[PDB]
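We begin with a single chain expressed as structure tokens, specifically the form solved without this ligand.
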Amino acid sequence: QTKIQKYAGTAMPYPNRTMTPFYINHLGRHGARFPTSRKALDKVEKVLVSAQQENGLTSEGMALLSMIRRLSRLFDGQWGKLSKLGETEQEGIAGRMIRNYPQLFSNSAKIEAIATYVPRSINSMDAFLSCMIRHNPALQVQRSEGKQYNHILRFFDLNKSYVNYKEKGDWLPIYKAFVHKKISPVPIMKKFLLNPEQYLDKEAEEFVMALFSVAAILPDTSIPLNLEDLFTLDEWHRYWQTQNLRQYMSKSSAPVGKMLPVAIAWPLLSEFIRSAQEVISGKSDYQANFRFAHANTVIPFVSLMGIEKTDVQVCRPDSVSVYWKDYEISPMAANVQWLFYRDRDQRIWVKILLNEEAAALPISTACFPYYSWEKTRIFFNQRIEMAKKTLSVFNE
């Protein structure tokens, strides 16, 4: 809703969302979580504590230092866990699904859910399932999780060329150059430190970036404290621009990545198609397949699907934010749903929802948002073929 929330990017909480299908194919990111790393917090504290020792803090800086120490105590032992908000986000997603399509989850419908080995994903799965079971205890439920699903849910860890690109690829200097251009650390640090001009540009920038990082994740934690007012709206905008680019180039369809970050997702697109074909043919009789994973799962998956906008290949870094927006693709609890329908002539239609809003594909249909499954499957198999050919060039 608000521009300020949007600028949290992938850390934005899941936005407000207040015939009948025969099958639902789902992928969801875990819900709102605690920060995963204490690195940024420790950086901020270390700078403010060192300043306090040399009498370099303003009044606001002292108050910030106390706030940071408080957060350090609250975050302790909570790193990476799903928060209460994260649980409620999943309940809302499950609740709207049951309310919108009750016939599908009626009687003794069968559902399967899988998750990664990461606890926040498993807990997200469980918040979702508990809501399904609460609404219909007569559901048949298969629940599993773990590294057995790495190939489809954590492909971003398994591809050596991609891991290399992620850690040291040519996207790196472009990001750093972009940050230096967009983020002016002095006016921000002036609020907290006496003589902020004494700080070297690199330390000043690392401090400011770490502070943004702490402020951005705070709304996902359910802790009733807020740090958005540490920065102006313009500074948030600029920060978001940098993180948006970082995500785009490291995880999506940026020309610098050569579609490597997108191509690695094909086994999941392949598995989505297989689960659907098995239900359609009667080989499986599941009414829904749910999958719980990560932003790094959702982003290239959505790009590989070719949902309009999300796989744009933008050559100019400053243009990326106009065309590709991470908070529309992968907020907390980001999810893709394929809803399958059978018409009166037994033709199969599919509707794609991205965060519960109809998505477009670059194929035609006479009845948007519904697409012919036949056409859609053909398009998706071409995407998988393109993925494999891309991967054949970076054969590790």
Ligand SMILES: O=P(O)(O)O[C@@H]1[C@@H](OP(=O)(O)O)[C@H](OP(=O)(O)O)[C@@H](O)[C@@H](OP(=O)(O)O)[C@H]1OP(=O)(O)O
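In this text, rigid core is short for the largest set of C-alphas that superpose within 1.5 Å between two forms. Positions refer to the first chain, counted from 1. Compared with the form solved in complex with this ligand:
- Only one of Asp318, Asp285, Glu197, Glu167 has its Cα shifted by 2 Å or more between these two forms after fitting on the core, and that residue is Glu197.
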The other form holds:
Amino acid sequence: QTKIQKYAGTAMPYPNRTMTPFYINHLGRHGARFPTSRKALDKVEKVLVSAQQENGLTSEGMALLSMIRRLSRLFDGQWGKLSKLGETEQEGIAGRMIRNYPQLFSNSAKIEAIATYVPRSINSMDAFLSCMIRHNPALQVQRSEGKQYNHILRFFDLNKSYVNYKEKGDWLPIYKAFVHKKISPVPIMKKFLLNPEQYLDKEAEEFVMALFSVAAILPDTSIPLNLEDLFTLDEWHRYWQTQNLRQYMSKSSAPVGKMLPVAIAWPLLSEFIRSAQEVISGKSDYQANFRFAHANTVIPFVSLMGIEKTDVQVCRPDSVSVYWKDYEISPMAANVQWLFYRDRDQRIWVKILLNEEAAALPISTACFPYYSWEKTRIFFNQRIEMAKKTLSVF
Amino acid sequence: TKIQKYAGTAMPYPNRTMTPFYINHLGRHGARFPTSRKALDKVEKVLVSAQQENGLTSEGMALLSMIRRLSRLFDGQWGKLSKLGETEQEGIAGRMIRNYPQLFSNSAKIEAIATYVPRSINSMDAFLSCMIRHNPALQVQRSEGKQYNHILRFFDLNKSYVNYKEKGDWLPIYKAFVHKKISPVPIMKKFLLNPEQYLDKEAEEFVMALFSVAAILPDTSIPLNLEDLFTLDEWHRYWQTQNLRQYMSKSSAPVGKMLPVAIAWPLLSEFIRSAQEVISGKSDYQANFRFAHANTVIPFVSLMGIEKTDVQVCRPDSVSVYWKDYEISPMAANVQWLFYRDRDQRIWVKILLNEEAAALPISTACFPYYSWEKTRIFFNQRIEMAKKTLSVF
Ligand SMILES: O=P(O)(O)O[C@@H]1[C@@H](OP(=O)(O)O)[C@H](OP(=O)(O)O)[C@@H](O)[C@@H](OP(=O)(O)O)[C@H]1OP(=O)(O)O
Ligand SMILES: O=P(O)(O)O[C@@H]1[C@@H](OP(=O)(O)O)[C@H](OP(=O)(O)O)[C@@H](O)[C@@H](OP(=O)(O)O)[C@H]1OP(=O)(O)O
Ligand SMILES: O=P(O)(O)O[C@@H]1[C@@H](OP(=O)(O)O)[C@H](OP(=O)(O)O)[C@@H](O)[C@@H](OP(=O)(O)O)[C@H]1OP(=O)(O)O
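Return the structure block for the form solved in complex with this ligand; the form solved without this ligand was the one displayed.
Following is the full complex, with the preceding chain placed first.
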């Protein structure tokens, strides 16, 4: 996975991943998608279509105005859709799971899927379920979607306090200062604009952030276009750093968020344990529980489990880039899997996969990546209570 | 450079470019000459036998000559700290002076200990001379010898550990990993004619010996490369075997039942003590330094539980993914605890491994800065975990 791929952050595409378990517990962000709003593509368009009128585009400028006009037609009626690469990212995840754990899904295995009400959550579910059903049509499948799992998969919109922190919160003054410190527009304008001076300093940054925006998502759409040549590997690096810091402060352990963005996910960590505990006892015959949602679900959820490095509390804004990497945690199609195993002697082992790679918890095990479930369920129970007590503050 | 990392614990120290009141340090000595003529001897005898039999390739002969010259260049040098060794210490020292000059200012007192092995006495000397160069007013105490065996050479004093290290149950595991990972005849096709006449046992002993020679040459300051003797895939495969061996006999592999790690608690206990004394006012050192060996740093780091450096990996083919000896014990590998005293007078501590902030499985709100109380408590827990481990042996 290349540096420029990584600098896409949460817009990065899901990377390459070319005994038996008895239960699998899963949460997945939808795969590669289209841009969700024409906001960025329009700021770019109206600036460039201004300069052209005034006869003030560079040659590369008309180049960019071309593509942009193209991408406008290629994005028509597609806003928010999951992309063909998303369909593929999900079929691969599920395909791999089925090759890895065939016994788990053989015969009349019962599985269960939930998704938010959001069309591309549901298109993910369907992508996932199709592969499984075509590999084994004798699966038993419960499929469901809707506002009802909002408290589980969109808790980040139900918490009045978080909502307020996120809109007019304290991380904002730190993010704006960081953007001005890390991103100089004036070297990027004159690439496309004759006389970039008469553009306001504020509008220049509005334009250059929209431009990074348009470029960064472009690889997730499966369109042959590609605008990474727009920027030097260092512009992409500085830009990534302002967004890695935005994801981190609005959405994870940034000490400015006082743990509030992480705590709001305990309803989901709890359904995760419920789901499992029900299978380990017998109030559920489910081989699997799949859940499809969003980056805003995954990020706080991953931090609340305390998967190593994701819970890090870092006080210097420029250090965060070193210890917290959002393309590590929440690429496109980012997924958490718990795989439960019952060994000879009847003891339970859980293995946690972040994006199909073994995760570490700050609890012991003489059998890594396999942790004792007793230990784990207790550890997570510590985290949940420790989140309810931060939310009590609010 | 991936080739550099595959030297494993022979990889030269990587590139490294408010104020604490105390530094607690432990350093592996710098890049050194090979400590034994044994790999060089094996290689030579095999190619001398080849050429006495007309079994040598063109490149075969060019390796024989190379090997002969190296035997002359290693005469009397076995084990000595190399010029690059002196330098990397000067670096580590230089960088800690500049980052923390208030701590070494005025007549700061610093204490340095080394083990009786000359290469780690020279390492000390190089570190310390830079420190005195920059501030001659430093109060310096410098000692070394068998007196420190209990904390710098514990991998020799434990009777159970030595048995394990020489005939323990990691040996078959290792010997079969090398059998699967290392495929000789593609590597000796380059140096010998009819390389498939060589018995598999001797074929591996020579390719092992010959890797081991090209692994160390970059530490000797001898302007003579040898990575192109092996493809990058042979270096990988070879690194994995050496990485398994180091992990399994020196660190926290299940096969070893934490015994390779437990034997390091005297070192950890004394770190905390030297820090409690400075913190209490009993001592008033600015810094303690200690110069030992990878066999010291490996188990000491794992015993601290620095992140993933003590994973206990069930399956041997997975060890390279989760535990990398070149990240832990490069040449002149080192651990620093820097102690800070904030405005409420609480004591923070930041742990550096090879000069980069390490993570403890405890929690903190101002990472990399851990609460000392929380950290002292956690370490003492490990130290009692290791004592319980050593009472079952
Ligand atoms: O791609 P996602 O769904 O995992 O995260 C989106 C986020 O989506 P949503 O869950 O609030 O509908 C928001 O989308 P909208 O409110 O515009 O519908 C965010 O705005 C969007 O950020 P963006 O509009 O700058 O692309 C999130 O994607 P992100 O987490 O990569 O920033
Ligand atoms: O922190 P690690 O060493 O356990 O994993 C690194 C990875 O290191 P390596 O084992 O290939 O030397 C690479 O490091 P470099 O080749 O840049 O020296 C990866 O690039 C690095 O990803 P990053 O550059 O985005 O930090 C790995 O860290 P990661 O597993 O947290 O992504
Ligand atoms: O390089 P070090 O000193 O930090 O560790 C050595 C180890 O040396 P020592 O601590 O027992 O004196 C052993 O050396 P000797 O008993 O031959 O003096 C090991 O044999 C040596 O391994 P090697 O013979 O394959 O070079 C250790 O270095 P290593 O940790 O890179 O393997």
